[PDB]
Every structure is written in C-alpha cells, then in structure tokens.
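Encoded as structure tokens, the following chain is the form deposited without coenzyme A (COA), with no partner shown.
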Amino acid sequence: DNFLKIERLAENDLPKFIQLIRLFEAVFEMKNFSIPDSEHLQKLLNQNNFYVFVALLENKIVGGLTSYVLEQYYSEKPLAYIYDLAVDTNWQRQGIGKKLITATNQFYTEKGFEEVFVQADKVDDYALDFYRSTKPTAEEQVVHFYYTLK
C-alpha cells in the first residue's frame, strides 16, 4: 500500500517503542505482563547493538520487529538477530511483514553485515510460511533449549 510506512526508531522514539511492545503483548498473547520503566526502555533504545523497525499507518503502529547486533569472531562482518516480529491481527497479510524484513536486511546490508537470521516455532505455521515467503537464503530445523534462572 502507499499509506503504510516503514521506519527505524531512534532516541526520541520511546513512545513508538512502547506502542510496539504493547502490540507484542497483544499478538503474542502475553499474560500478566508488566512493562519495564521508561528509563530502562530508553537506555535499551539508545544501544548501538539494538535496532527497532515499525510499520506505521499515520500514527498507528501496525507491525514491527526488534533486532540485535552480534559482532562476530569469525569475521569482521557482524550478524543481526531478529528476536521478535509481529503484525497486528487486523492487518495480517498486507505485505507488512515482508516490508519489515526487506527494510531490515537492506539496513544491515548497508552496514556491511554478513547475515541476518530469525527463528520461528515449528508449530507456528503462519510465521513459518511467512518467513518462507521472504525467500531466505536457507532454513534449518533446530532445537531451542533454555535455562530459567533462579
């Protein structure tokens, strides 16, 4: 569409950041969520290893992703890790997620990165077929382990 706009957040974009987090809360159906203080979120937004992309309709965030820079020891060309990606259920399928991926990969290409990667749950068929629609270089079935700390 011509009205939709993809933008990368900056220092004074905390309100848009919070709006995206609220979208994440909604789409991911997170329970009993308590958003961190704005002081914390502001400092994170200011990190040079963290970049947020959103899809906007006028003032309304209808989609977004978060990404982390991982400097490599194999190469002087860093990696980018897309951690979260969501599209508002009322705008799911508008080309939004593709536009976000394209913007993100172009951004890291300009910065001389080697590779961008992202994970989707095996049971999440909507995301699974979405990422395949973005034509990634490759996909690999893997297993994710995590240790909840005391």
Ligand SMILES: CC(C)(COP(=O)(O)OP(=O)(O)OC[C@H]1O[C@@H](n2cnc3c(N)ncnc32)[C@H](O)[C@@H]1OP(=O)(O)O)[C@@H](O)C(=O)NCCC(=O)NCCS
Given for the second form:
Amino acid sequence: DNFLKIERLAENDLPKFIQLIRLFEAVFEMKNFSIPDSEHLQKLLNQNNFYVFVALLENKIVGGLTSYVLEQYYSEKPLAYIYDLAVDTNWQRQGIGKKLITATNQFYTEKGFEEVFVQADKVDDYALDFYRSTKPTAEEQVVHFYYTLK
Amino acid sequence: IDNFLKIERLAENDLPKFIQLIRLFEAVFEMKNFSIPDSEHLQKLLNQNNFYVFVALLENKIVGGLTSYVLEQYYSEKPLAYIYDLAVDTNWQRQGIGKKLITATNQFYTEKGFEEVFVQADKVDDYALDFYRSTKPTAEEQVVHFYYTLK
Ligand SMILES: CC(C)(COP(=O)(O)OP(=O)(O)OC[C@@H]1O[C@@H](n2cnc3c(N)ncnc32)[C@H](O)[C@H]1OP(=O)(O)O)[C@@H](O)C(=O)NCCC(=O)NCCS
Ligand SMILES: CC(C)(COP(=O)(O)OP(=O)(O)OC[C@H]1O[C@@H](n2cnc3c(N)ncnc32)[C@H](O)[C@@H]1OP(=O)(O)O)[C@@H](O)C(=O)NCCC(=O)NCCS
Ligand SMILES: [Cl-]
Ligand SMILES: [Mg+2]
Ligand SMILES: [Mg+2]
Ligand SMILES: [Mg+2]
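Any chance you could show the form solved in complex with coenzyme A (COA) after that form deposited without coenzyme A (COA)?
Entire complex below, previous chain first.
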C-alpha cells in the first residue's frame, strides 16, 4: 500500500495525462481511437476548472480520474463533476479506485466545494457496485439525453 | 406569441437578465430560503468562457431560460455542452418556449463546432422526460447519479 501514490496532475504533467488517456482507451475498450494533438491536451490540462488525479506505482499510471469544476449561481461554493474513472484491469480490486475517490473529495473539500457528483450507466453493474461502496451521500435514477450535432 | 417571443444568449453586460433568470428558477423550482449569491460572484460566472445562458423573452420580460457548461474533451478536439437547468415560467409553459430554447442552444453549439449537447432529468419527473423526448434527442440512456455532500 505504501507503494501506491495518488497525484493531482499539474500543468506540466502532459506525459502523465496522456498515459491516463491511454489507460482509458484500453479499459473502456475504445476502438479506432485517434488521440487529440498534444497542443489540445496541454490547453485542457492548463485550464483552472479541470483536475486530473492519477494513481502511480513507481511512475507507472495504474488508474486515474478526470473532473470538471462547475461554478454555481445558486451558491458561491462550486460543484465538481467526476467525468471518467478507471483502473488498470491488472490492478483492479486493490482499493485504487476508492483511494482516487477519497483524494478527489478531499481536494474539493479543502477548496470549499459544495459537492462532488459522478455517474454510471444503469447497465454498468460493476461500476454501480463500486460507487455504492464509497459512502455516497445519495443516489438518484436519472435519464441522460444527448443531441449529436452536425 | 411566436412573433413576439425572442431567444437571447446572454453576454457579459447582461447581469440584470441573468438575475431575472435565477429568480425564475427560484420560482419554477419552488426553492425555499434561497439567498442569491452576491453580484460579484454572478458577474464572474457570467464572464467565464465555459458558461452560456439562453433566455426567452416576451418584450422585456424573461419567461424562461437555460444555463449550460462547456466541457472540453480529451477524446476529441470537439467540446461537449452540458445543459444544467431549463425552466419556463408556469404561466407560459406548454406554448413552445422550452422547445425554442433547446433549439437555439443546439444551433449555437453546432455553429461553435461542438460534438454533442446533453441534458438530464430525474427518472421520476415524467413531465420533464415527456418534454425532452419531444425535442427529438439523438438518444437517451438510463444513468445512476451519485453525489457526495462535502463538509
Ligand atoms: C418543459 C419546460 C422546461 C419548458 O418547456 P415548455 O415550454 O413547457 O414545453 P414546450 O411547450 O416547448 O413543448 C413541449 C411539450 O411538453 C410536453 N408536454 C405537453 N404537455 C405536457 C404536460 N402537461 N406535462 C408534461 N409535458 C407536457 C410535449 O410532449 C411537448 O410537445 P408535444 O405536443 O409535441 O408532445 C417546462 O414545462 C418547465 O419548466 N417545467 C418545470 C421545470 C422543469 O421540469 N425543467 C426541466 C428540468 S431542469
Ligand atoms: C471501479 C473501477 C473504476 C476502479 O475501482 P477498483 O480500484 O477496481 O475498486 P476498489 O478496489 O477500490 O473497490 C472498492 C469496492 O468496490 C466494490 N466492488 C464490488 N464489485 C466490484 C467490481 N466488480 N469491480 C470493482 N469494484 C467492486 C468492493 O466493495 C470494493 O471493496 P472490497 O474489495 O473490500 O469488497 C474499476 O473497476 C474500473 O476501472 N472498471 C472499468 C471502468 C469503469 O467502469 N469505470 C467507472 C465508469 S467511468
Ligand atoms: Cl501515447
Ligand atoms: Mg506532476
Ligand atoms: Mg466490500
Ligand atoms: Mg444582451
């Protein structure tokens, strides 16, 4: 356990960001994925409203998550939106996912955020079991609609 | 009322209309004990390059609106848009305002070259589901939403 480190990426961590994206690509089984150019990814990493957390063994990325800050108009305290979370399939069920969620909520707690939220597909049984083990404050059944643009 | 209804995307000198919309949200969502954040905060939010508000106007009266957040992607150079809140004044519902707000919002992000816009509704909110389904979305997915209320 001493071996696992959690790191919040900084603006000079593009190589680690790209490792994480490649982990996403593999774990989510994305086919024919063409990674965006590094200038785009750098600009994203530079944003003050986006935070990436990774899990490291040595400097091998074995999991991570991405999150977005949503400034509120209902409150001065912001919300954080955990977008993606994944752990290397060889390293799953070792407490890594849990440590990532803990660190993430700890970070936004110290930043004085109101809440953090995250979502899973109703079909995704393994994800559901995971989030339900993280002592979330609550869960809600929602319907997600999207419009694919021209 | 189509001839008189106007959709406006708020700009940075539109804080009065932003506040009017928040007051509409408070009414429509029937929020209790709401203390609106100070104007310095709301102004800073309005000034962000990742936040866009559309309002529906009957003359100078806000009768609906929606807020949306930009989410730049790492899977694509094309960003996503997240519609967070949408409401129409109760006196003016079921007259096509909600549809015109969605339409305007998707047209805008289409001009901006976004990949996709998404919006959510609670599964028990049958009337909201009815509404979104009438706007002809590309697809809908069942999702479970978890949150962590921070200390
Ligand atoms: C939908 C809403 C957001 C604004 O949209 P609107 O102006 O009322 O809706 P529109 O007039 O543009 O048209 C949508 C119609 O809603 C649906 N609808 C019609 N009557 C309805 C009713 N009594 N209840 C629910 N949906 C109804 C129709 O399916 C649809 O048009 P259709 O005739 O083609 O089937 C509004 O009703 C509202 O603010 N409700 C309370 C707040 C809310 O739920 N917001 C969304 C979640 S944040
Ligand atoms: C969940 C995930 C994201 C990372 O989690 P992880 O490091 O493997 O999970 P943890 O080891 O921290 O598990 C914590 C708890 O999840 C729960 N859990 C139950 N079933 C599980 C399963 N099939 N997989 C993972 N966690 C499970 C356990 O209670 C577990 O505690 P325990 O081992 O003491 O019983 C990882 O499984 C994953 O990447 N899955 C594929 C991608 C994905 O679905 N991501 C979420 C959607 S974006
Ligand atoms: Cl690479
Ligand atoms: Mg670093
Ligand atoms: Mg367990
Ligand atoms: Mg204006």
